[PDB]
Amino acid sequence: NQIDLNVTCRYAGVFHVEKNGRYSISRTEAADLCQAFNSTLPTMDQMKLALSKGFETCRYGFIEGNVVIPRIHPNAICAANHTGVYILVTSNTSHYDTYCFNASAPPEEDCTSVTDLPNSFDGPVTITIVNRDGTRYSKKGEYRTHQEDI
């Protein structure tokens, strides 16, 4: 009973979370997951400010109201070579990664590791936060409040 959460640097408090190495998060699960990091789904304005501080990924993830990819450098295989906050328009499917916003994070680029899941609740799952540098933090608990996500 294990969940891996790969996380990035934070940029103006915004970061990306990929669950179990695949697109696997629903919109309801994403809100609950960010809540476990004392965070919320970013607004489009919060995401645009994060982009301006250096944030880019090559993965679709939820923000409030849309599914996006923040892009700085044009790359043919990331958001069809677009720059800026690329908004997904047409898709058949509902599962993606998520972005989260922590208002207590530093204002600009914070590439230190994440070493806690401060607001997870009691539960049976071994949840492991995996940083890009490989460092890991694990705790037994749960964050999903909707039975359909479990």
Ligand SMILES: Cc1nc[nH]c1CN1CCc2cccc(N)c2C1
Second form
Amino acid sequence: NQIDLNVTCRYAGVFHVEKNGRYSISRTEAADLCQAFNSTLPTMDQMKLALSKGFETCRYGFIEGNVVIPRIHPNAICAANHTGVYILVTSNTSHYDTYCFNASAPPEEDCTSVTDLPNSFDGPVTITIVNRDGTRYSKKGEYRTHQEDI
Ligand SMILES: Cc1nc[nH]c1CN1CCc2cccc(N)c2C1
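Same protein, different condition: the form solved without the named molecule was shown, now please give the form solved in complex with the named molecule.
Time for the whole complex; same chain goes first.
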């Protein structure tokens, strides 16, 4: 009973989280996951500031209101060569990654490791935070408040 949460650097408090390295997070799960990180779904303005500080991914993720990919460098296989906060317009499907916003993070680029999920609650799951440099932090608990997500 095990979940990997792969996390990125924070940029102006904004970071990307993916579950088990594959698109698998619902919109309700995304809100609960950010909450477990004492974070919220970013606004578009928070995301645009993060982009200006150096944030880009090649993954669709929830923010408040939309599914987006922040892009700095044009790449034909990421957001169809767009730059800026690319907004996903047309999709059949409902499960992506998520972005989260932590107001207490440093103002610019923070590529230190994440080593806690401070607001997860009691539960049976072995949750492992996986950083891009391979650093891991594990705890037993739960973050999903919606039965449909479990
Ligand atoms: C290349 C790729 N395919 C699906 N997701 C991804 C990006 N992942 C790749 C796996 C991974 C592991 C630990 C931290 C981070 N940020 C990531 C980012």
